[PDB]
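Take a look at this single chain in structure tokens; it is the form deposited in one PDB entry.
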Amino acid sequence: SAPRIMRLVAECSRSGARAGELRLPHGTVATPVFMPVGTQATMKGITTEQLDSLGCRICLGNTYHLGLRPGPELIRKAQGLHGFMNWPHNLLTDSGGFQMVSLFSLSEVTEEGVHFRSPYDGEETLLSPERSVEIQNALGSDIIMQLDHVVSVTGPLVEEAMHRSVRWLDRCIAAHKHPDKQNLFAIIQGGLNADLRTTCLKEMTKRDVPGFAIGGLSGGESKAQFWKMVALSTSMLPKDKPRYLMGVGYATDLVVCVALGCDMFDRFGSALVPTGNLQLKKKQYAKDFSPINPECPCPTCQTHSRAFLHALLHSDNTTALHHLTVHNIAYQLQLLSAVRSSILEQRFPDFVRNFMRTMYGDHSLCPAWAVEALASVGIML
């Protein structure tokens, strides 16, 4: 029996939103939380110290790219992932490889596992569920990924995909050696229809895995059907185990999914402010010396102006990219903190209105899918 890592202290009266905490050996996470993708944030210019200064406590990584270079053996010898990026907080590893291209750009999956191609013949590495769990134990992350047939994809292709996903989940469970120290998050994949997804919920609820997740949603369907699927999945799953969501990060999307009952959420040049997402490349306000956001705690707005960044946007490309990315991550963290605070002392059904009033100002301009989701969950604008 996998231990329950979530404790619940606040839940919305008029909605399904929840606030809780997750305990990990390296840190404590406050759900709902947003985990920025580690590779992007690292290459965009942000150092470890700058990202940590904003208060982020969870990071994301891809095991396939670490396996490509410098190799599983070298990363295991020096205990790579922990002391490599210098990230002191919790990190979530991803299997990778199964992007939206699927079989169009990746080799066909054999019986043992999935095989990747590389420009060099000798750079390829085997990715078996036993190999995946071994390399992830080598990484030593608090949350351990499980090898899955992630799809973008209709027909029975998804049917055998979920069959092999269940088989590989069983193989990973049989091959996992430290259930207490590291947690494994299962993935639910059923394509576009709900009945086979309902069955998927059935077997992955039969298995007592310490975590749950949903995938294959973003980039293939609209937001209305997406939130409907998320809501049904959250309703089916219990409250004693964490729920993970992919393809999220937008303010409206994240707020709606928080209201549904989610817990986890996954080249700069644009900024995010309460009024919305605005590109700093714009020359319409390149002259105004006011900060991007007077109330934003990020150093970029409180110390530097829009005009200076516009002059520096490509003048020192690395500096501008770092500033923009750190400002966006700080805004995301502030939005998550504000949402959690609205959850804590029960203002969400009102505050959410103000949230749209932050961007739109009225219910007329709100997205139709968001309005439908709010009406269904029990919040009327």
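If you superpose the two forms and keep the largest set of C-alpha atoms that fall within 1.5 Å, you have the rigid core. Shifts are known only where both forms have a C-alpha. Numbering follows the first chain given and starts at 1. What changes on going to the form deposited in another entry:
Checking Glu160, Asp170, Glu203, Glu124 for C-alpha shifts of 2 Å or more between these two forms, after the rigid core is superposed, gives a single hit: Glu124. After superposing the rigid core, the Cα of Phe104 is displaced by 2 Å or more between these two forms. Regions that shift between these two forms, defined as runs of three or more consecutive residues whose CA atoms all move by 2 angstroms or more after core superposition, comprise 100-106, 119-122, 124-126.
In place of the form deposited in one PDB entry, output the structure of the form deposited in another entry.
Partners and other molecules omitted; one chain follows.
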């Protein structure tokens, strides 16, 4: 009976949406919450102060990406990832697996672990669950994740993946001696079917891991079966434990998943507006001198305009890419704040109707999955 990391004082009446607090060794995070990926944030050039200025609390990392370079031993020597990319808040490290890097760049999978490679030909290694939890102990993060077997993918391979995930969770629990310094999450697998998924959920609710996470969905995901799986998973789990979700970044996906009980969600040049995605490469409003959103409190709207960034977008590319990406992250943070504030005001059916009609015009033009899930949980549009 481990102490619960999640507390809740919020209960919707017409729906089962939730909003609460998570305690982590660098702060308290309000559920639901969005998490920018640290790899793309470092790729798109937003510094520490610009990302902290919007009010973010959780960033992201990968076991593979730091394991290849600058080396797990150098990171462990410097107590790396919190003093390295200089993230003052908490961070969640993804353990990695069969991501977009796959057998074209991966290697043979054996029982002890999965073999990882690199463009560096001498950098091929074997990522074992003990090896992965050793690396993630060297990273010194705030929420660690057990090593996953990602599927997109159906068949007995997913059953082997979920059974092997049970065994690897056993190996990960028996491996490291940090249940209190860091929190270990458990990836619920199951692919697109519910029976092996259901017995998998039962299996690690027998295990006393403090966190549960739905994985292996985004990439080939149909949203109706997506929300059905989210609903059955959130119904199965106890209400005092958080429910991480993978691969949810769009606004309607996020808010309707909040209506089902989720708490976690996680090339530049396109802004995010309350009416949707507004690609700022557009020459159709290259003469517009208004801000991107008159209500957005991001510095890009309040100091700059649309014509200026339209000019800056490719000329001095890095600065305008910075502007666009910080606007996107500010929009996502404000959307989460709006959803949580509306739920705490017990207005959430009215609020979902309101912004549904706002960024969709009318209830008739909305996608069927959002209306269907909101009607199932008990909200009429």
